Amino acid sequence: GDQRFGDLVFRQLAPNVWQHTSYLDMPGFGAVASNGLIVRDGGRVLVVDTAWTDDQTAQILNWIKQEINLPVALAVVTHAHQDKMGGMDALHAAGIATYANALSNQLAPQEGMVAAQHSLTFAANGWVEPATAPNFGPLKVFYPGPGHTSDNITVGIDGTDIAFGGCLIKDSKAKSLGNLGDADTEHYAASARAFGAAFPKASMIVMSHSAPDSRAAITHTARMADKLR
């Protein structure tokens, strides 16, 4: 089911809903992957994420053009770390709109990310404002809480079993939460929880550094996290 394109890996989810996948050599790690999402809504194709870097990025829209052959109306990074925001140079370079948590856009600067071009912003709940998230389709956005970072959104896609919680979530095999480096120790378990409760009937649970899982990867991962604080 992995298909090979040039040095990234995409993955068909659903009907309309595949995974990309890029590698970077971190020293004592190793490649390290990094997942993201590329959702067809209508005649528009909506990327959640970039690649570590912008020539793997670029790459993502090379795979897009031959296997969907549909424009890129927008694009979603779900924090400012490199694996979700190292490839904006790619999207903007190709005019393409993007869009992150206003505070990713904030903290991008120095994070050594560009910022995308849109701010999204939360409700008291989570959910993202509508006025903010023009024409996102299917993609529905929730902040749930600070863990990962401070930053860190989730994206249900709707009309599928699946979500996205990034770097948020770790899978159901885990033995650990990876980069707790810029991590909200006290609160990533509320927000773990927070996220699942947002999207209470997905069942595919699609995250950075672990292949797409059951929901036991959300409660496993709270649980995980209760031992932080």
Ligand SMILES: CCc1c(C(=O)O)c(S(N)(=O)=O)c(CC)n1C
Given for the second form:
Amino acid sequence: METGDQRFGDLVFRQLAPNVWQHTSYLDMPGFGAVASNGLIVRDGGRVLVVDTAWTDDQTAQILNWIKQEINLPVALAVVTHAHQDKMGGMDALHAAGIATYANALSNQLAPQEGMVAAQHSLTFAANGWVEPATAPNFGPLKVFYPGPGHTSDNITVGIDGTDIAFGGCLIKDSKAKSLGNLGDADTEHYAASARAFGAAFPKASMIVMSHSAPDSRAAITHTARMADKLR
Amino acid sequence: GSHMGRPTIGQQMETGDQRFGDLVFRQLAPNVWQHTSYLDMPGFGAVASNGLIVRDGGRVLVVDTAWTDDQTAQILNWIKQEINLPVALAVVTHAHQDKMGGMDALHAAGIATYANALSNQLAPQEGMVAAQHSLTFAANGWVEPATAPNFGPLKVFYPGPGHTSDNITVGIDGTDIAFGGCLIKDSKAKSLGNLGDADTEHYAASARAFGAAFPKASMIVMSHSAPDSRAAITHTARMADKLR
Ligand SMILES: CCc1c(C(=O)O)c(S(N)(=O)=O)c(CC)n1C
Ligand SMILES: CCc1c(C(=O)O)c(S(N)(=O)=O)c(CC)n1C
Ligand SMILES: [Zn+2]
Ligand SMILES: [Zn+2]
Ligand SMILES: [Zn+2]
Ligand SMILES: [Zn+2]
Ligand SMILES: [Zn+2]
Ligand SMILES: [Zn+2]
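The form solved in complex with the ligand, contrasted with the form deposited without the ligand above:
What follows is the whole complex; the chain from before opens it.
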């Protein structure tokens, strides 16, 4: 309800930069109430790129229809940042709309176990965390980085070239957080290193976008790593 | 860095096994041998780690180091004596001491080394030397063949997270042998061994995925016990079912 925020159905959109919006969707978790999840919408000349679905097919369709209304450019592809419902719940809606989908090979391998629909294409990563470029064709400003196991074994991150923005997804929590949120599938040993690897991959990003709070500064990365140091 | 921060000899000699310094070698097939090295761990005696040696035409291929550099050098010495073909490459099956502790011995000898990209990424944290090359995997677990150059009969499969998030497995094409490494424990096991780095949620599926990937392998080779039948896979998966 913050000024400049736009509503379409159950979804809220905030412009972060001339060509970048955050999408926010909400799901009731019985016992804990409504939980926000954020992803990104990127205008890349005469096409649109999506990072992460909403919780549900219906909510993901609302994202696609808002893009049609407000941006009116075709969605070329989507990248989804791990096999949990907040990031991949809406895969069927992307596929029905004829959007090409990309995830970590590991995300696609885990998807069935995690009750998610696999992406059509698999990203693979060098030992240094950077996507093998042949697996991420025509990704325009999307720079995809695998920081290592943290929130999950499969979690990936995305920088937006020509912006100050990097997307930590569920790996990064906000700079005032008490906790690292859901650690059910987490690597408690490697998490802190993974948070720091994300920071080092995108050294000049000043706006850190994450799944479960409003955009923060780089302080979110060093706070997440400081919290993660305490897990081991 | 390493979880281990004490090399010894095995006691249970066994008839068809060959002692070579502090290591043990067993021929499993005309072109396949098991290498075994031992660490004394207080309260648990001589702890075996097993890997594989494969002869493929005029080349030898190695799966896994020994626990230590000095032990891994003795694997190379044994290969020179018993096979006398050059070691074309080694593949190591995750970033733990038993599987990657001897990387320096391979690199010293000019042997090209391969691991899961994730193993190489985790190596520094795990106190291991990274392999020279990284394997990547398709969404169905099979190695991307462009990343496994001249692997010949070594058929590398990532079964999913289990013993660790980076554990890989290796079928030996043209044989009845599949290597489960530390993912699979034998049908006599009372535990899944070290779960310090394990994925308790996905372990059972990963164990079953290994079995389904190598459906006709009748000899299952694993890190910490003698080769077993396919029962080792199902018994492991059923123990892993109790973690979730
Ligand atoms: C807000 C904390 C949170 C997370 C998280 O920390 O990322 C997830 S997730 N992506 O499923 O693990 C959930 C859904 C169960 N919740 C409630
Ligand atoms: C014999 C059980 C075992 C395992 C295992 O279960 O694989 C490992 S490992 N590869 O480091 O996790 C060790 C060394 C700590 N030990 C003693
Ligand atoms: Zn998650
Ligand atoms: Zn999340
Ligand atoms: Zn899970
Ligand atoms: Zn291990
Ligand atoms: Zn082991
Ligand atoms: Zn570890």
